[PDB]
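Spelled out, the chains give:
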Amino acid sequence: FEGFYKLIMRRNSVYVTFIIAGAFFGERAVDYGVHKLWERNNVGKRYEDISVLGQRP
Amino acid sequence: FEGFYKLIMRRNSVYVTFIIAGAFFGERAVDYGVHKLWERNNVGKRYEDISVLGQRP
Amino acid sequence: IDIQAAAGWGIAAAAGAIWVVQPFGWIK
Amino acid sequence: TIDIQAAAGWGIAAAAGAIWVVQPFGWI
Amino acid sequence: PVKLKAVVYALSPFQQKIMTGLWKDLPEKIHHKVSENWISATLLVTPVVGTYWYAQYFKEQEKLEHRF
Amino acid sequence: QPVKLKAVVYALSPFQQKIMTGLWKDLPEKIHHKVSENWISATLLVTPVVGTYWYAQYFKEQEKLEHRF
Amino acid sequence: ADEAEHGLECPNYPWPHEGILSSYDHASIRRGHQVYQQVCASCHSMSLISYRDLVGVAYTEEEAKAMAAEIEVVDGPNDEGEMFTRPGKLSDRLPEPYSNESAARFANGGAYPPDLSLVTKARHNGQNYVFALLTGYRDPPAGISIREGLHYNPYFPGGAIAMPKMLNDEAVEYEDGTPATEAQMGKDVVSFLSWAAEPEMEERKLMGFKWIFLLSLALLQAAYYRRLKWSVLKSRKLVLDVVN
Amino acid sequence: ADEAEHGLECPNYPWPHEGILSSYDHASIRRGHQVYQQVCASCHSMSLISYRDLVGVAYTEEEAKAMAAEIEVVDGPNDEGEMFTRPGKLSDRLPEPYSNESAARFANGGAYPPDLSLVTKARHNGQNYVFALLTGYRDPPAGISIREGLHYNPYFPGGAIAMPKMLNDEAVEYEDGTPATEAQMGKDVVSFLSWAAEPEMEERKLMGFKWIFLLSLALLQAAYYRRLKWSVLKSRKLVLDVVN
Ligand code: HEM
Ligand code: HEM
Numbered sequence: 013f014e015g016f017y018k019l020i021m022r023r024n025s026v027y028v029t030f031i032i033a034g035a036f037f038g039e040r041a042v043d044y045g046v047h048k049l050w051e052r053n054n055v056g057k058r059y060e061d062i063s064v065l066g067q068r069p
Numbered sequence: 013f014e015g016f017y018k019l020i021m022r023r024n025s026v027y028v029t030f031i032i033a034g035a036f037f038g039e040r041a042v043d044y045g046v047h048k049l050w051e052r053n054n055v056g057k058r059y060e061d062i063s064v065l066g067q068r069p
Numbered sequence: 018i019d020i021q022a023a024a025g026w027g028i029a030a031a032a033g034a035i036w037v038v039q040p041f042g043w044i045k
Numbered sequence: 017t018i019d020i021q022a023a024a025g026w027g028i029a030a031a032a033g034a035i036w037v038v039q040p041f042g043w044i
Numbered sequence: 005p006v007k008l009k010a011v012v013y014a015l016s017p018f019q020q021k022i023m024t025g026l027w028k029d030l031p032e033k034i035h036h037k038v039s040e041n042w043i044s045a046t047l048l049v050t051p052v053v054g055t056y057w058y059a060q061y062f063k064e065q066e067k068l069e070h071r072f
Numbered sequence: 004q005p006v007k008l009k010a011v012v013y014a015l016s017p018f019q020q021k022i023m024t025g026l027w028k029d030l031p032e033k034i035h036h037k038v039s040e041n042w043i044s045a046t047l048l049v050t051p052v053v054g055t056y057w058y059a060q061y062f063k064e065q066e067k068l069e070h071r072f
Numbered sequence: 064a065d066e067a068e069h070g071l072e073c074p075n076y077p078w079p080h081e082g083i084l085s086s087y088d089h090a091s092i093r094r095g096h097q098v099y100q101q102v103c104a105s106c107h108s109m110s111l112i113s114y115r116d117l118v119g120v121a122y123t124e125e126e127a128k129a130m131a132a133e134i135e136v137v138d139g140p141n142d143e144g145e146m147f148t149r150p151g152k153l154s155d156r157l158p159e160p161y162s163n164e165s166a167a168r169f170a171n172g173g174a175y176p177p178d179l180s181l182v183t184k185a186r187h188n189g190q191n192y193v194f195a196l197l198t199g200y201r202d203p204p205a206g207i208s209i210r211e212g213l214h215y216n217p218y219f220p221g222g223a224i225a226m227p228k229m230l231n232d233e234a235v236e237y238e239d240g241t242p243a244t245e246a247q248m249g250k251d252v253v254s255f256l257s258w259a260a261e262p263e264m265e266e267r268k269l270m271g272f273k274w275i276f277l278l279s280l281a282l283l284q285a286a287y288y289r290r291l292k293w294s295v296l297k298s299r300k301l302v303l304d305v306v307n
Numbered sequence: 064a065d066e067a068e069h070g071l072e073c074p075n076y077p078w079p080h081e082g083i084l085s086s087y088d089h090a091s092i093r094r095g096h097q098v099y100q101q102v103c104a105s106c107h108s109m110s111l112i113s114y115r116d117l118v119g120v121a122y123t124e125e126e127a128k129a130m131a132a133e134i135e136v137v138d139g140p141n142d143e144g145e146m147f148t149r150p151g152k153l154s155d156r157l158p159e160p161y162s163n164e165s166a167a168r169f170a171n172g173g174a175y176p177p178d179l180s181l182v183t184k185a186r187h188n189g190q191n192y193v194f195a196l197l198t199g200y201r202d203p204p205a206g207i208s209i210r211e212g213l214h215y216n217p218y219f220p221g222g223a224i225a226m227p228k229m230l231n232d233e234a235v236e237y238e239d240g241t242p243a244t245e246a247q248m249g250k251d252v253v254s255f256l257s258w259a260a261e262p263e264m265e266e267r268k269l270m271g272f273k274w275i276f277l278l279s280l281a282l283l284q285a286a287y288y289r290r291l292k293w294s295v296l297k298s299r300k301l302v303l304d305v306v307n
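Protein chains in written order, with the entry's author numbering: chain AI, 13 to 69; chain BI, 13 to 69; chain BJ, 18 to 45; chain AJ, 17 to 44; chain BG, 5 to 72; chain AG, 4 to 72; chain BE, 64 to 307; chain AE, 64 to 307.
Just so you know, these hints were derived from the structure itself, not from any lab.
We put the beta carbon where it would ideally sit given N, CA and C, even for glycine.
Be aware that a few hints might be false.
Claimed, not checked - Some chain AE residues well away from chain BE (every beta-carbon gap over 12 Å; in silico): (1) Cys73; (2) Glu81; (3) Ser105; (4) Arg299.
To be verified - Once the Cα atoms are required to be at most 25 Å apart in a straight line, the calculated DMTMM-like pairs of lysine to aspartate or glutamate come out as: (5) BI:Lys57 <-> BE:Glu81; (6) BE:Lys297 <-> BG:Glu66; (7) AG:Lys67 <-> AE:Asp65; (8) BG:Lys7 <-> BE:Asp304; (9) AI:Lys48 <-> AE:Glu266; (10) AG:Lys28 <-> AG:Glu40; (11) BE:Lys268 <-> BI:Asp61; (12) AG:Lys67 <-> AE:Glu72; (13) BE:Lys128 <-> BI:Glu60.
Could you build all of it, start to finish, from the sequences and the hints given here?
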């Protein structure tokens, strides 16, 4: 990991920015993955899958 | 006279009781004296000085 | 010096209780 | 001449954190 | 700690009069208070009083001018 | 009061050692050590709770049957 | 220009309750409440005042009980879930003349008669202002015209008030026989309004005189205690070697 | 007596919204709501639910807009000061069948049809109890008599409920053509009642899976950090002079 060390860990300002980006992108990726699992486990149960949606007299 | 007097300046327990008693009697006397002067300065303006007190119709 | 002080401080405590709480009428 | 680079490096971190706490993607 | 060389004589509080010093040398006390602070009192009172009277003078003239 | 001491201590850098492998090492003996030393303590804690709980369910079951016509 | 928008200043009147050792005139409060019942209460509400408040101040318990029982208070629901009316009790508040603010404005030309519970405290120089406003209905100065539905009153800001002159001679019959002149009724109702805004004044004033006197005595002791402790320092003689 | 006092225990049903990654069946929520507004709403209130709450859950915005417009909501007072009536809006709460609690008891033989906004959270085993109660109307056991006006339900504590049986076959007509059997309506209505008690559940469950997973990674890193800082202490060699 010394190649990555020489680029990110050398300065604490860069290391702090790396942590900020990792929290930003990492949380977005986990959020996307959780939503994919949520959709796959609940097929046909969402509000968008109501057959008579928009057809109330 | 001398019996209470010598106990007051010699024992703090007696002196504390003397302070408590003075606060009790001193405040009551002031409260009585203030009310007497209040009554003297407001003759005829009291609730029980109303002439028609007791005959609404 | 121990019994007399205990009696004196108990008397002050009782006087303080009668002074803070006024049980006039409860003395029946 | 490294205090200036320290300021620029920390300025990027402050900018990166600001876009991270407040995420104004719907405003830009 | 500061090294100090001094001799101090003190008298018991119960061997001296406690309150009569309040009204001793009263003319000197008043003269010292007035003579040392008359410039200070002037610098505080004059701008406040002068500004206050000018505003009342301004209001009186403005009020009279709008009358018929 | 500070303590006067005579010892020699040798220590190694944290970056020269494996950090996590020691948790899963001699696992069976940790399970042996935990069970063999603490089995009396676990008995004195679990037995009164289970014994009292079982007795209450036994009491309520016989009582419920006694009130049935 | 701006002389009218503030309105005419009110003079200072020697109210019987003014002074550090002065109480309310309880006979005047009872008369003032009668003025409220027959004149003010038609369009003014007193929602912070209840009939039990008058007991021991202007009426006895039985007098206030009978007075409350003469009104109808909305109560319920009953066991069937329907609202009903019942005679009032001591704990009931003074009745409201209108169902809501909108009903009050519609019945008064769009102006809302304010609640009079705290009116003497809710205006500058409240006791004097209310008396001057009540007895200050007069013809407008030359060059001033008043629109239809309003009345001129210099004490009211702007000079145009939506309330008519309500305090006319003999408008109320007093049970004590005092002549019910405009000034007598005006003085009495302000006295009643003053008590309603500050029902604790007599207790507050009595506490003030006693405790300011006691604290002044403690201040004399506090000065003596400070000077006694500091006397050993203030009378000290310090001998040093320095000269300049 | 002994066992009737607590009632018969409800079973455990496999609800579609049970599970760490399971959502509500939004088609069953819409079906359950139609049951409520056609059967339950005549005697039960849902005072915590608004028409805007159903938007994005079971109805479109215009579907709920039209729904609210069908009801008459008290409003006012107007400029003249009278309470009037207006069509309902999205922000309006669901209508109350009765004007107050006493009116509800009078219409139901002294029993109050409680608010159903949190009923599945206000009972032990809420979802299962409500479904079991609705579909659990049957004959009493031998030797047990019910008073007139009371109906036997073993799941109800005491066995005597003032509720009559209302989930009769074909009591409602579904928009999607689903056969409205008693068990089907009972499952839909609990699904709608479950959502009303916990409308945030879907967001809550998504948050839980996300953050419990993320914190588990932090726990693994926390152990490495602690064991890295302590390794210099735990692997150290200590030479001392004592033996015994
Ligand atoms: C003795 C009887 C009454 C007293 C003492 C009284 C007192 C007051 C007071 C203190 C004000 C407010 C003054 C201010 O805004 O600075 C007021 C306003 C008003 N009162 Fe009365 N009131 C009485 C009777 C009435 C009656 C009988 C009516 C109607 C028939 C009425 C209608 C109004 C209206 C409409 C206002 C609002 C005036 C405006 O906004 O310009 N009042 N009253
Ligand atoms: C599908 C329609 C309905 C559902 C799902 C429903 C739901 C419920 C629930 C959950 C309870 C609580 C039971 C308990 O407290 O243990 C209850 C009680 C009650 N319901 Fe409703 N309700 C419905 C319709 C009705 C109707 C139509 C009436 C009257 C005609 C009614 C009258 C009552 C009464 C009187 C009680 C209280 C009974 C008692 O406490 O003895 N309900 N209901």
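(message) Of all the hints numbered above, which does this structure not satisfy? Sort the numbers upward.
(response) Structure breaks hint 6 only.
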